[PDB]
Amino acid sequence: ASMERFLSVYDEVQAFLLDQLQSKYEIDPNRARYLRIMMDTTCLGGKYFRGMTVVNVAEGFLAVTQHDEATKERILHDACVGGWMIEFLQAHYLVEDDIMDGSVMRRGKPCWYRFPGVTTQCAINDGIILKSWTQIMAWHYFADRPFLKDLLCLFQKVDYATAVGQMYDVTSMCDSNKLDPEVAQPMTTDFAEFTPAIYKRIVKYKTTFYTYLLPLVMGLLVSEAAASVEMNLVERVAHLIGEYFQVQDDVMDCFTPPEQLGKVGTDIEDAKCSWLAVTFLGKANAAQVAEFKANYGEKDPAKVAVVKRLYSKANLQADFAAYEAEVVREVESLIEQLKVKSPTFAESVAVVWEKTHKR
């Protein structure tokens, strides 16, 4: 099974990385144990959606391409290693973002930096190591692969887009004209930058490149199948599915219970440019806008409750259903376009969409 193979490769990559630290980096057993626990705590426990997408894409191509059995195993092992590069990249982001945001919980457990024997002093460097491990994996497992350069160059571009998206995300509540390293950043009072286009820019860079584009293209690269798809369609369909995925997450941060969500949602307190805030501002009357301005971006629970009450009374379920119906049309249109060059890849995209649409 796909999952069973994916998790087995985790054991092999972990053993490789820790054994190399022993043989080449003069690590002592206690520090190797610290790093093993750090890797398990930060990389495991999620659904592995991103990593599994590489595996699923590669499985789609194996079903229709002639290969020796040893080659089928090599491609699947490459898809698992590539999937783990993305999961470790995500682990790097989550560790650093939780420190950046002062987050309390992640995957129902404390954020890594909050573990007693970790602290921010270690955790920032642990997050750096998680990303360095992605490059050590690539150079070791893909040393002789024809796709090595394309995969490293794609991974680098996606990682950079993600860091730019993090900048767009954490500065989304400030007025662009007031950004200045020398001056403490006040929260916007006009919310003029809470628009659908600005929100789409945040999401495109902060989430879509590493969550959808990267696993899909990595699946194509380990399959030596990129010159079989129209890359502009892959980009357009990744950015559409990714935006939809983030809109679902934005809704959950506010309305999904803390136990089911795994963390207490703070987008309102943090004054984030969320789908709820943008969509609310896209339909509110003057009085509702004024009430939103007087309560948004404050830690005070009474003001948070006012914002949640404005969202609930604003019937945002109607806007969400209208957005969803539109995304369904556009995603189906793009899947259809993907069938011209590759019905196999289009089917993999259909599965990725189905898995996103239902969660």
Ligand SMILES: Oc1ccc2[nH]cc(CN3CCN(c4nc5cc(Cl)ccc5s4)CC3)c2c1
Second form
Number of protein chains: 2
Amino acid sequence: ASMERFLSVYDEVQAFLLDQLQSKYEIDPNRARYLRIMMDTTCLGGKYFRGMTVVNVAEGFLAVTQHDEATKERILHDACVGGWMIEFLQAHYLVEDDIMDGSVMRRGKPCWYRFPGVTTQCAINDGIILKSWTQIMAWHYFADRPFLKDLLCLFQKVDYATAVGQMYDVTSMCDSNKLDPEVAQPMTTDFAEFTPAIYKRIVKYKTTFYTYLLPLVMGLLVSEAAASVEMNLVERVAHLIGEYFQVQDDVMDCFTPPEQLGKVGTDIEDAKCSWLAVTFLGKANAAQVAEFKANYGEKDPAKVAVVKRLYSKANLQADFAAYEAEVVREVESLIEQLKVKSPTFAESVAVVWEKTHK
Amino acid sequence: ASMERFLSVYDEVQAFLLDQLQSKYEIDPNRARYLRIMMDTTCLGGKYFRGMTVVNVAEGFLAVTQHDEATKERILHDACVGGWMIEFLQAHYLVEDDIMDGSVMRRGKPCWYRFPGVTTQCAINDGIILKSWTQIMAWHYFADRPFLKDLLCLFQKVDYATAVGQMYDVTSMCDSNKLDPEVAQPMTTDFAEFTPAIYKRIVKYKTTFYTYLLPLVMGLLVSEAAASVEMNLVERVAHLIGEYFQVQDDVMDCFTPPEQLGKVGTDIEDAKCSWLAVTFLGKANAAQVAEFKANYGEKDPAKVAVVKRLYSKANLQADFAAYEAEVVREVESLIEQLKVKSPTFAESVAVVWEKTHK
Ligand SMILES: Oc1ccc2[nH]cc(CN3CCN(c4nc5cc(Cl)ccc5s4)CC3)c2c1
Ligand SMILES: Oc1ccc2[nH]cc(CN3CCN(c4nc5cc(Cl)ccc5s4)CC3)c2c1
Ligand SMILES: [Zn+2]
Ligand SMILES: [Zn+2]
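Show the same protein again, this time as the form deposited with this ligand bound rather than the form deposited without this ligand.
Shown next: the complete complex, the earlier chain at its head.
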């Protein structure tokens, strides 16, 4: 099974990284232990959706391509390593984003920086190490691979797009004309930049490149199958599914109970440009817009409750159902176009969509 | 002149990065302005020692090798780009280290995160962007270069060694046996880990890889001259000069006036494993060791003054002169060994040493 193989490779990669720190970086057993615990706490515990997508794409191609058994094993091992590079990249951005946002919990556990023996001083560096490990994995495991250059190039572009996305996200509540390193940034008062186009740009860069595009294209690279697809369709479908994924996360932040969510959602307090805020502003009357402005982006729980009740009374479920019908329609159309060059790849995309939609 | 060429290339690289953000990353003029100012504030203003070393090494080879004029220009441009990759890598670690350490000033100006319109929330990400830019530079400018693979591999190893070094540095005042993410870390009471061997390990990784090794080897790579040297001698001399550089920085932190230093030095308050603390512990009697333990690593200015006077009365100038005589001796010996394969490269190393020593 794919999951058994995926988790066995984590143990192998972890052992390799820590053994390398001992043999080449003069590490002591106590600092190796700290880094082992850091890796487990930051990398494990999720669903491994991003990493398993690489494995699933590679598995799809194996089913229709002629290979020696040793080659099938090599491809599957490469897909697991590539999938772990993505999981570690996600771990890097979660560690850093939790510090930047002052987050309290992550997956029902405290954020890494909040651990007593960690602190922000160490956590920022731990986050840096997590991303350096993705490169150590690539150069070691893919040293002789024909796809090494393309993989490192794609990984770099995705990482950069994601850092650009975090900038778009953290500054989404400021007026663009006021951005100035010399002047403390006031929250917007007009919310003129809370538009579907601006929200789409935030989401496209902050999450879709690393959550959907990177796993799909990495699965193609380790399979030596990039010629079986039209890359423009891959980008379009990845960006489309990724946006839907984030709209789901925005709604859950506001209404999914903290116990089920695994944290206390603070998007309203943080004045985030969420799908709920953009959509609400897209249908509210003058009175509702005014009430929203007087209560958004403030920590006062009475003000947060006003925003939540404004959203509830605005019937955003109808807009969500309408957005979802449009996404089902467009995703199915792009899947159909993917079948022209690769029915196998289209099938992996269908599975990626099914898992997102539910 | 090398400096004129080096600074002209910064303008070109800056223009390329910002133009790429507009054409491919949907950036708006206000966020491009913020990133332009961030780049200038974090990358410029230093002596450009690391970046200019790449240029100087490449210039040395140009003087003794046959090339068309267009090739000499291509090599010099590659050396400037490679030198800027190192300067931007340094900018990344300064931004992040200033946040981690809670630093106030850097080069007589506030630390980047302390700017009113920046904040830690943005600065951590700005630091991440600074390092992604080093990779954007490499993939763009060195796309067709024979040294691209070796350069990216060397850059990754140096970056990882540096992140490992920051971990060694930030945890240098804890007892290794007590390192535990679950438990808040107490300061050491015995200072048994304040030894010359442990101090050497901190310094080797936290600064010598990126300050000395990377500029020298990058100069060789862009010159296609790695066969003109014995790499083991390059590593040994880089590590040796780098250690001397850091011993100088440790002494200046404690005794160079804040006006000349460009900041208020806090190594004593921070309980850092500095050359002054290790050397003092290496010659103190029982009474002096006891007085050091009762005053080190505390913010109280009276306690800091006791440590500074303990250092002053301990005649650490004699130990420094003795360490310096040994370094002059070993650096000169390694330079002599470098002459066997490349008198030109040995000469660039002599210049690197002269600039460090003064
Ligand atoms: O006033 C409050 C404050 C906090 C609260 N927590 C839970 C509630 C009770 N419901 C409020 C309405 N609701 C919404 N579900 C969606 C789903 C989509 Cl896809 C789009 C818009 C909405 S609106 C579900 C939970 C509540 C009410
Ligand atoms: O008590 C204090 C407190 C703060 C102070 N600031 C300046 C001073 C006055 N001098 C104190 C001694 N000194 C040192 N120079 C070096 C150089 C090396 Cl290489 C190694 C060890 C030392 S010791 C220079 C400045 C002073 C005194
Ligand atoms: Zn965030
Ligand atoms: Zn530091």
